[PDB]
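2 protein chains.
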Amino acid sequence: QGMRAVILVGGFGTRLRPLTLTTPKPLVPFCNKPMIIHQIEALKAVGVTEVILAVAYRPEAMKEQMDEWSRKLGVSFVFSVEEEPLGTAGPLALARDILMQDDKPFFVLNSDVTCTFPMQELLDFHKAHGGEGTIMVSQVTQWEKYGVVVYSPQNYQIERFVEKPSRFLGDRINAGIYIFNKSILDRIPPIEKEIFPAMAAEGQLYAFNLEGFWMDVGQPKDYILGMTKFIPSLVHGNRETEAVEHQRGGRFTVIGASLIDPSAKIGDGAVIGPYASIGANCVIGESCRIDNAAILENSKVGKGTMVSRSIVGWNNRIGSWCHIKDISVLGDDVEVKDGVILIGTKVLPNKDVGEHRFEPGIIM
Amino acid sequence: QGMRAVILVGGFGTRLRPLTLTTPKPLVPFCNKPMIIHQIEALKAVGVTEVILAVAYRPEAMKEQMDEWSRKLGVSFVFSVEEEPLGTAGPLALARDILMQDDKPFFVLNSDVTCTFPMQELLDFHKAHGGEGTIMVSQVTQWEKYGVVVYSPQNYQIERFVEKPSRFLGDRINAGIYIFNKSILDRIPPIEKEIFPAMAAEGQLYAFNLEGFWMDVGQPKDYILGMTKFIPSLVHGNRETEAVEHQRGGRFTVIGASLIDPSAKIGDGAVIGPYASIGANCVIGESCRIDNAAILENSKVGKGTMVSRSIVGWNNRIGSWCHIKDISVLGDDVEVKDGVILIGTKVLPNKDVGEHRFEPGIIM
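Residue numbers (the deposited numbering), protein chains in the order written: chain E, 7 to 196, 201 to 250, 256 to 379; chain B, 7 to 196, 201 to 250, 256 to 379.
Be aware that a few hints might be false.
[What the hints assert, rightly or not] Calculated cross-link-like contacts (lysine-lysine; reagent style BS3-like; alpha-carbon spacing at most 27 Å):
hint, chain 1, residue 1, chain 2, residue 2
1, E, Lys69, B, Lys69
2, E, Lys231, B, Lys366
3, B, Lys50, E, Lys366
4, E, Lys69, B, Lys366
5, B, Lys366, E, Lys366
6, E, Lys366, B, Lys231
7, B, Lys366, E, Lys203
[Claimed, not checked] Here are some of the chain B residues that sit facing chain E, going by a computed Cβ distance under 8 Å:
hint, residue
8, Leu27
9, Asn365
10, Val368
[What the hints assert, rightly or not] Chain E is faced by these chain B residues, among others (derived, beta-carbon under 10 Å):
hint, residue
11, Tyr63
12, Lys361
13, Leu363
14, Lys366
15, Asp367
16, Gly376
17, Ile377
18, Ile378
19, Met379
In case anyone wonders, no lab produced these hints; they're calculated from the structure. Just so it is clear, CB atoms sit at the ideal spot from N, CA and C, and this is done for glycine as well.
Same shape as in the complex, but just chain E:
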């Protein structure tokens, strides 16, 4: 009888390859949590009970037992969506059968959306609406570059979907966070964007304008930019003069806001740059520069290295005086010798690096 939701995660994770080989794309950590745990937490803030995960391939990719978060938080994942090759309609194909006597509209979310997540949508748009909160929109500067403009007139109702419009109809873009009523479910074998054109034809499709940030985290560059946009929004959310985290293992300075895992050891004279994240049990040397970069799980970092606009693996062991900058992702259990300069090179897991790379490329 409790409120339920569906999350569309079906994909391969090909774009974010260099660090998705070890763990699936949904559960690659962002800031300090797996990429989906943010959405489960927001849906709990709504007050949902269980989440319907829609995986296109490898449903038993070790995710079931890796989901330790399932026992906590009082949220149970069923993993009931196994997809044969059909159209791009998750709920229509598999989740239509499983409803278990719902009573409230169920949310629909992507896996690469990062926002302030306004969780009043169940209560909002309740003023005698059929299919409340049917679509969610946000402002974009490039009205024509992204395309797919959802025109929102003065009335909170949408009637036309135009792709690459010549007219300046509006700056609204489909955020990808949907909520539909139970009656929406209709058996449509493979399908036109989940019957959105008809949904507007009966004129029961509403849009919610979003003031917060929005972007698709599908690439490492988008990963870094999402980090730099999302960190300032967490000032009232989590625990962490710039006092985001100042004294952990020694008297070190932080230029801007950053997320420092309490179990980590920063060192003595490190300079944690703006919008940086550090995972548990991470060790940072006596003097370091973590500038707009993420350090995930148990990693060791020597003395004097600079990690700028980059990521490191899970059990990665970084040299002492190296210099890692630009958009370069290091896979799992990588090791780099002293005094190496990796500039925008993605290394495969378990590799070893001992030579300079001044140009973008891949190390196998």
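Since chain E is already given, all that's left is putting chain B on it; use the hints.
Structure of chain B alone, referenced to chain E:
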């Protein structure tokens, strides 16, 4: 009471990366069989009972249930070797405990050895020898380049191991196929390989000269070279005017010896080049050129393409008029459009290729 053996497979498979992500390095197919099946068949030709596999990392890497070959052939794998970080002594660390009351000397083999496999070694060197067939040697043209020369005098006994010798002591090189007696087992905590200097100190180490080919299959280039040396040695082994395989689905011509899986379909006017292998259910177009290349498992190939000195994935789907040459390895479930020219580029699994690449490199 039956004869047993130990296979050292402990490794990462890093060198043969682009096609070892899907399946572990020991079970990447060679010609028509997994790389361990040749070893197991030779050891059966000896008459062994069980094989002790020594895997360094990920013992349960889905190999146990994927080893369908265990139920057949009447050979049982125990997978009892899980390795904590110690020295390079597999049998001394774990396999020392498990002997199961042996009565005959047990073989020790690598995983990247390809030879004629003389399986009379149990009977050979039995003329009152202690530790019969302690080492195996083969001729190499580059006496000093490879180094580690095992000097074999007129007597079948070795007394000195010299690394990078200045003197032309001999062309023998340690093949890596060992057989030791039960009494050899001595608890040596981390380890001069198998205590070879002492083994020569008591002077009971013998060498067997090999007339056949020998090379380590650790790289795709070495993979191709090993295939082109090993195919002619199978003329008396398996089922397949050049009549290695001439008429399967149409009247096609084969220039040299090749391995054509019976379930495959060749087409109508293909030209299967010298020393090529094709897996089961593979489909080859109307006119093709498979020149010194390996096609693994279910693959589709269009019309007029050329696969020269290359490998393709498991479920690979190849375009019609493409041109794949040089040492290029295609991962699992890759797809290439029509008229692409991949020259020595390794693609990652599940990727898609639609653009030319005239230089060596990697596609993510």
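| message | Please list, smallest to largest, the hint numbers that this structure does not respect. | response | 3, 10
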